[PDB]
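> Residues per chain are reported as follows:
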Amino acid sequence: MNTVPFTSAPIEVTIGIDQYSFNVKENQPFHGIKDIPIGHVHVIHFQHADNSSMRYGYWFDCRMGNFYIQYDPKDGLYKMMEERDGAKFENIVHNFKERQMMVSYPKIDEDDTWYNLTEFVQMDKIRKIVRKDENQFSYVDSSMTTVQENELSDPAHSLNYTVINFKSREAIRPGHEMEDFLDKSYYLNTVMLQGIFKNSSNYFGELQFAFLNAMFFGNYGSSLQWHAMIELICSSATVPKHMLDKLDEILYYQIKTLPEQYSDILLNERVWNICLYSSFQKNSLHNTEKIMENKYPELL
Amino acid sequence: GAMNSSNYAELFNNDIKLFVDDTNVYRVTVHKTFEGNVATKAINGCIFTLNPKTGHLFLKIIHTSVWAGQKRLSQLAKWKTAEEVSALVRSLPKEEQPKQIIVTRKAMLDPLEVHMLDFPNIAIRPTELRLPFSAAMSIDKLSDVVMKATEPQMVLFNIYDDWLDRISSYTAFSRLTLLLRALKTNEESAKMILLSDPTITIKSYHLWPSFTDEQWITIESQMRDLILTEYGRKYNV
Ligand SMILES: COc1cccc([C@@H](N)CO)c1
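For the record, the sequence lines run as chains P and E. Counted the way this note's numbering counts, the first sequence spans residues 1 to 300. Counted the way this note's numbering counts, the second sequence spans residues 1001 to 1237.
No wet-lab data here; the hints were simulated from the structure. Don't take every hint at face value.
In silico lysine-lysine, DSBU-like type, Cα no more than 35 Å apart, as pairs [to be verified]:
#1 241(P) / 282(P)
#2 1099(E) / 167(P)
#3 167(P) / 1053(E)
Far from chain P by the CB rule (all over 10 Å, computed), these chain E residues [stated by the list, open to error]:
#4 1059
#5 1105
#6 1111
#7 1149
#8 1167
#9 1175
Where a beta carbon is used, it is the ideal one built from N, C-alpha and C, also for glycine.
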C-alpha cells in the first residue's frame, strides 16, 4: 500500500481519489492520502471551494515514483510532484502517518469497482494521450480540448485521443462507400484495431480513460471520444465475441458508477438508443442494457 | 447550410451548382401475386440532376437491372444516386465541377457526403424548398427516354429549351417550377393546358412548346389558376 503525502492544504478544496472524494477546510491539518492500492492507475483530483470552475487532477501509478502534492500559490493550484530522494520521502511519509494526519483510501474488500473501471488503463498509454514527458504523472482538467476538437488551439495542452471520424477517407474504402458507412467493421477491425491500437486492450483502455476524464473532470471532448468508440463497435456487424462480452462488462460498470445527477450531460441520448436498440450489437450488451433501462429509462 | 426562401437568389449567381433529386431513381408498380400476396415490379428510373443557372439536365437513367439480386432497395437507391452523381463530378473537367450540390431530400446528405469525401471543397447542402422535380417524369420526352432504356444510360437535356435567350435564369427557373408544380398537382389538366393549341409545337430539340412571350404569360397564368384550383378542390375552399 502506497501514499500521496501533501505538504499542506492552504485552500479549501474538495479532493477526489479515484471514485472517492472528501472535503478539506482551508488550512486544515491535512497531509495526504495513505493505503492506496498498488497495482492500479489512480487519479487524484481537485475542486476548489471558491471556484468550482476547473476540476483538475493527476493520473499516476505509484509503482512509477514517489509522488507528493503541494499547493503552488503563484499558479493557484494543488500540483503533483516527484521526490527522487527515496530515503527522504519514506521519513516524511512516516512522520505524517505516525501523527495520523492522512486519510486512508477507503476500499471495501468486496468492491472491484476501481478495477472494473481501469482494467485496460495503463499509465504508459495515458502519457501518450497527455503529452508532458518530463513528469511521470499526467495532468488533466475540464477545459482541455482534444486533438480532434483543435481540427474543427494550444497543441501542448491537448488530449491526443485517437481521431475517429465515420465520414473520413480513413473510415471509408473507395468502392465500399455504402458498405463501410453502414457496417463499420472495416474501420473497427482493420484500421483501428489491427492498424492503430494493435489490440482490443489498448482500445478499451483509451475508451475507459476517455470515460473517466469525462466523469471526473466534465471534459466534453473525452465524452465525445468515449461515445465514439462505443458507437464504432456497436455499428460494426463483425466484432470478436470476446470484445463484445468485455465491452458489456466495461460500460455496465461505467453506467453504475456514473453520478445519477450527471447523466443529462455525460450520456448522449442518440448514441445510446442507437447502440442498445438499433445497432448490429443491440442484442449483445445485456448487462449494459439492463442497467441503463433500470437506472436511466428516461434517456430511452 | 440549408437552402431556403431567403438565399433564393444564390441559385443564379456564377458559382457552379447542381440540384440532385432522387425521387424517381427507385420506381415500382405494386401488384397481386397468383397466391394473392403482394409484390413489386420495378421500372426504370432516372436521377434528376440540374444546373439551375444554365438549365443543363444530366438525366442518369437507372435501368431496372441495377436492382437485380439486391436487398433494401430504397436505401440502396440513395447510395446508387450518390455514386452516380459522384461519377458525374469526376468525369467533368475541374473548371466544370460544381462548387455546391443541393439535394432535394435530406436522406441523400450522408450518401453523397460519403461518396464525395474526395471533393472536400464541394458543399453538399439540403434545402427547405418543396421543389416539384419529382414531376420530371411527367415530361413526355424525358419519361420516354427512361422507359425505352435497355441499359444504363446518361442523357443530356436543356430543361429550359431556349428560354435563356429571352429571360433570365431566375425567371426560367421560376417558370420551370411552376410548370412542374402544375404537372405534379393535376397532371392531366396541366398537360391539357400545354397542348390545347395544336399550332404551338415542341421543336424536336426541346421539351416544351415554342410559346411566344405573350403566350407564356397566358400559359403561366393558367398554371397558377390550376394550382390554386386543385388547392381548393383539395381543401374545399
Ligand atoms: C509532502 O510530501 C513531501 C514529499 C517529499 C518531499 C517534500 C518536500 N518537497 C517538502 O515539501 C514533501
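> Verify the proposed pairing of residue 1099(E) with residue 167(P), using a straight-line Cα cut of 35 Å.
holds (19 Å)
> Taking 35 Å as the top limit, are the C-alpha atoms of residue 167(P) and residue 1053(E) close enough?
holds (30 Å)
> Was residue 1149(E) rightly flagged as not at the interface, with every chain P Cβ beyond 10 Å?
holds (23 Å)
> For the pair supplied as a hint, residue 241(P) and residue 282(P), confirm whether the alpha-carbon distance does not exceed 35 Å.
holds (14 Å)
> A cut-off of 10 Å on Cβ-Cβ distance, and residue 1111(E) was said to be off the interface with chain P. Does that hold?
Non-interface label on residue 1111(E) violated, nearest chain P Cβ at 7 Å vs cutoff 10 Å.
> Regarding the assertion that residue 1175(E) does not contact chain P, is the least Cβ-Cβ distance greater than 10 Å?
Its Cβ never comes within 10 Å of chain P, the nearest being 37 Å, so this holds.
> Going by Cβ atoms, does residue 1059(E) stay more than 10 Å from chain P at every point?
Holds, because the least Cβ-Cβ distance between residue 1059(E) and chain P comes to about 23 Å, which exceeds 10 Å.
> Determine whether the non-interface label on residue 1167(E) survives the test: each CB of chain P must be over 10 Å from its CB.
Non-interface label stands for residue 1167(E): nearest chain P Cβ at 40 Å, farther than 10 Å.
> Over 10 Å to the closest beta carbon of chain P is the bar; see if residue 1105(E) clears it.
About 17 Å separates residue 1105(E) from the closest Cβ of chain P, which puts it past 10 Å; holds.
When held up to the earlier numbered hints, the structure conflicts with hint 6 and nothing else.
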